[PDB]
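Here's a solo chain for you in structure tokens, the form solved without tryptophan.
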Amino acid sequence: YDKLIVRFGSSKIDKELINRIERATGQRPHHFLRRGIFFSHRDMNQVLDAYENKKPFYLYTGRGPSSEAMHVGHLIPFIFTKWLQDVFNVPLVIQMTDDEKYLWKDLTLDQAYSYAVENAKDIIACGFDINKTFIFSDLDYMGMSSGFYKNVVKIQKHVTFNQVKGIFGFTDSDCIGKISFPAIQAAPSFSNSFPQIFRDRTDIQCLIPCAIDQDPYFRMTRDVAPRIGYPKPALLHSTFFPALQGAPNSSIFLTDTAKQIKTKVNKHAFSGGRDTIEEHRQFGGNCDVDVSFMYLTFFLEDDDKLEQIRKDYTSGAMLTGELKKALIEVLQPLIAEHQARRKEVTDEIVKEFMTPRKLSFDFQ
């Protein structure tokens, strides 16, 4: 990961920049920062500069509404974005790319759109404030903005096929909606794409939380920005979420019960311990390629108890199955609590989050 930074030319967060946040925030850096889940960035300093100089900034993230079974991995950006929203108290804009799924998959426009509404339930279950978050459907919001399509057009002019052909790999057997889709993903990065929220303001920086594997796709947007008179969108990159069986039982869905969660991490997670304990008691603990532990890295909020689990699993004291039932006690209460929060999401709360509204934000 330290070599993917140099590869994409991004800036690495320290344990010193993390402090800069704490000074304006007034909290304790989220464990993603503390642990390095979210390690890289691009222009966080620029966003920070305006936060103290008493100027707003906003967040943006999206979601590809392809059915659901949003697994626990998919929670990583949202958990972090939610945090960002609360410590800075700024607006967030969440995009549901229904057109995209329609273009790429065997769905009807309605089918893609219903998935967008449903996924929006799961997202709201994460707890986003309703007074500073706007979840929008591409298909819906294009028809309801006096600023969105215009920005999409500006981008479409300043980007050629050859450009989108290298970055995304589009060939020419593809449909045109695809070739031009990258402009729809980019448009949300610029404030005046949301008139009911921001107005015709253009000086509001945009912070985009996402992976590190994504930087090459967001550079297109960052490169077009100067060219159209708009500031670049800042970035905060994260690491990947270990695929369960190894880096259908392949992932752990938020719709999974409690026993399924139990039987998955027990029968399908990956082990680093010599596990087939010839005599794992002073060996075993490979906390780099052991999924169960990697997960605790994301979901167990206590550093002290985590380090204890690492010293102990690596040393050989803690066997496998012991570490596993430790994770289960973190997931089961994470997932089940998610499902409950999502039960309380009425058809009217969804419609609200998805309605072009004025928001309550920190101009500061």
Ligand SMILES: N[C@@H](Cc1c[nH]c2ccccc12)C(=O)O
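Residue numbers count along the first chain shown, from 1. The term rigid core refers to the most C-alpha atoms you can superpose between the two forms while keeping them within 1.5 Å. What changes on going to the form solved in complex with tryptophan:
- Considering 215, 98, 256, 290, one residue stands apart with a C-alpha shift of at least 2 Å between the two forms following superposition on the core, and it is 215.
- Relative to the superposed core, residue 277 undergoes a C-alpha shift of no less than 2 Å between the two forms.
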Given for the second form:
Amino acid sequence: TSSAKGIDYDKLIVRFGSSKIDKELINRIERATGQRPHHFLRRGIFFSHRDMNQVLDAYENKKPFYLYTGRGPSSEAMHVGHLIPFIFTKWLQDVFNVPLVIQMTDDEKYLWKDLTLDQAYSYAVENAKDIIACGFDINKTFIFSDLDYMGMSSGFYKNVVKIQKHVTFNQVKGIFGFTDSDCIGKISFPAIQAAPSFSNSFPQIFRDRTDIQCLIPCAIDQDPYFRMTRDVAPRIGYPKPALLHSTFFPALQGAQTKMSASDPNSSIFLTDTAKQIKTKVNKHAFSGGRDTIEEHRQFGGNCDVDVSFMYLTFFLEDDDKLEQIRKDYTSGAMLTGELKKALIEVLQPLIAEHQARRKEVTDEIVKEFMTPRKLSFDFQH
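Would you mind generating the form solved in complex with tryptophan now that we have the form solved without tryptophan?
Just this one chain is shown here; partners and other molecules are left out.
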């Protein structure tokens, strides 16, 4: 919350009622897939879950399940922090090889921000290109805009209504903190976000089928929506969706805040130039190192609060190379200046690569991803 080393996610798990992703669960995931678990799991980035056990049972018993995650398109400007969940979702889809549903809440943002319907919709379609740039299989993923899809689904709105009937205003005032002063749109929005947790909201993909297990990978701050969804699921004859939580991507200023596009000073946008990335890291990445280089060589740095090192934790694939850096920074063998330099050498190509991928997705490609249709996945209807 205010700790320089970030939030206490063990306390968070507790006051959230979720369960920790332990060694046991990570080994099971490895066993079930025969693949080495993604570094987000190995390193505690995706630290919490809800019913991942069930998802695994289903997967091992050849039962089907699908992925569902989303994005609030509040702007054309996305940052590196926004990529975490998507990066992991793309891994989950390749590893388990299941269909994916990605909700673009353009209506949410229209409701909450000073935006035009076309703006909101435009940001959804633009952000979709960035999501497509993460590598999702065009034949296994449906990226939809709430504004468009609501009007071209024989089952989506039906579920929204079912959910709306089972969630009182008091409940959402408690869960999300709404007040008598908010517009009725905001008050009923949670149902829109919950609805995609149920397979029959996507007839063109699951056609009336209502049992497919849903797995929702998302940043921990989205949990309240699905904590609510899980309570209503049984009440309306549907299965509870499973969750896989991720920690907040640290703001440049320090781990006590998540990177927020609101404050561009804390973000590294996917549209920043190599130069801008370098100067943002060098000038703004909070350092766990010592004040003078002499003191650094003598006492060493503190990785637990160093933002530059935390970023490496998310983007440096190689486990061994990261460890050297950790040890060398801690022993003072590596100066924060060199740590910084190392991070910049990881992000510049990360972001430049992403821009290259994004430039590749043409109007025709986006349109297809956003067209409801069968996802070359056969279900025992």
